[PDB]
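Based on the provided sequences and hints, a complete structural model is requested.
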Amino acid sequence: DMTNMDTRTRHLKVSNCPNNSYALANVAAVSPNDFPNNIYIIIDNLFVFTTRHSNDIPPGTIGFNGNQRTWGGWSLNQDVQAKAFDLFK
Amino acid sequence: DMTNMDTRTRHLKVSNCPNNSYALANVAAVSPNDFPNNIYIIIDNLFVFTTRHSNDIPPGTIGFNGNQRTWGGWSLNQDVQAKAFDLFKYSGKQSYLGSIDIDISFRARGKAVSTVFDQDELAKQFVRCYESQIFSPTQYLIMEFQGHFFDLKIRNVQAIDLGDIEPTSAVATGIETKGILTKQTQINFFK
Amino acid sequence: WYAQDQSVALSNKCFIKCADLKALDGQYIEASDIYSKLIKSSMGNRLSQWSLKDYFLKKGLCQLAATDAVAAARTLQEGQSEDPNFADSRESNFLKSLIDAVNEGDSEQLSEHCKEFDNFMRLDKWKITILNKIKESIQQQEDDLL
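Residue numbers (the deposited numbering), protein chains in the order written: chain C, 18 to 106; chain B, 18 to 208; chain G, 147 to 292.
I should point out that these hints are in silico values taken from the structure, not numbers from a laboratory.
We put the beta carbon where it would ideally sit given N, CA and C, even for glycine.
What you were told as hints is all true, and nothing was included just to trick you.
Cross-link-like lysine-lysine pairs, in silico, DSSO-like; alpha carbons within 30 Å at most: (1) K30/B to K281/G; (2) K200/B to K30/C; (3) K279/G to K128/B; (4) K271/G to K183/G; (5) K159/G to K271/G.
A few chain C residues that face chain B, going by a derived Cβ cut-off under 8 Å, partial list only: (6) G83; (7) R86; (8) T87; (9) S92; (10) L93.
Structure representation (structure tokens):
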């Protein structure tokens with residue numbers, strides 16, 4: 018249910034993926050304080066990913082794998098903008 | 018701030034780097050007891066590095082990554098003499114970098130790509146990762162860009178003072194020339 | 147105890163067994179140290195030449211299993227300069243090739259060198275394990291590359 022969610026923009030650091038399983042799932046691992054669970058979030062208004070709660074990632078940081086960085090051309094510790102996404106609208 | 022600090026020589030044994038972050042910081046990982054943080058230290062009166070505190074390195078040992086050790090020609094578990102390095106007193110006036118040439122190579126030859134990279138982005142990220150550090154020619158370092166690991170070898174360094182509108186110092190290739198990285202340094206990237 | 151009795155050869159055999167098991171057990175540094183002891187004890191003896199020729203190699207291999215490529219190069223240089231037989235031996239060339247391959251991080255080149263070495267001098271299970279851990283260490287470095 019995507020009807021209600023905080024859409025405020027957040028600046029998050031790109032860091033190494035926590036482990037191979039998270040990279041395989043291809044889901045943006047975020048802390049519970051960052052965003053709700055199982056919602057679509059857009060990044061840079063171009064890159065959309067599904068959020069999953071992860072206690073290993075501190076609030077204010079976003080995890081990515083190598084392929085996502087290749088798609089976005091991002092380096093480690095780079096700052097990116099994240100917002101809530103609504104494809105249906 | 019080198020106005021007040023000891024310059025005694027310390028014998029430290031070279032060990033493995035604790036983690037990739039320190040290696041990517043271009044810093045010598047030393048214990049907090051060994052040396053304060055963010056201060057220049059010269060080893061063998063040749064190799065200058067910035068100290069960074071690390072809890073995985075016991076006192077009496079100095080941590081280096083692979084490229085820095087290769088540049089230093091050091092073996093694991095080998096003693097090296099480190100001293101406090103005062104660039105201001107050493108070079109006197111030529112304490113800044115007027116031009117710096119860096120040869121960039123793929124750390125993984127099999128991961129080469131044909132895309133055209135812009136050297137300005139490389140300069141920006143290199144400065145971001147290694148701002149305010151003493152650099153000398155022929156220095157090997159590791160830098161990660163767009164998920165790709167690159168080996169960077171400084172080709173030549175030109176040392177100038179703060180105030181020379183016209184660069185009068187010849188582009189020097191020797192290790193003797195040293196300068197602190199600044200946003201105004203003219204950075205060139207070669208293959 | 148054999149060393150305490152001045153029985154060089156029995157102590158050397160026991161140390162070979164100990165170093166072999168230690169390297170197979172994950173203790174590469176200790177195995178290399180025992181190989182250095184074997185090298186020092188066997189130096190100057192005409193009967194143990196080949197043993198030395200292998201010793202150096204094995205030691206280097208252990209130092210390369212510990213990711214200490216510089217130490218392997220030091221061992222190779224020491225062996226080349228100290229023992230003329232080892233300098234021209236195929237083992238010395240193989241160790242140099244392995245050191246170069248680890249330096250360039252070319253696992254396939256290491257495999258090719260291993261096959262070339264096997265083609266003329268058959269490898270044993272000890273070497274198989276050491277080089278397998280070395281190749282897996284290159285793969286781990288590739289994991290660290292990401």
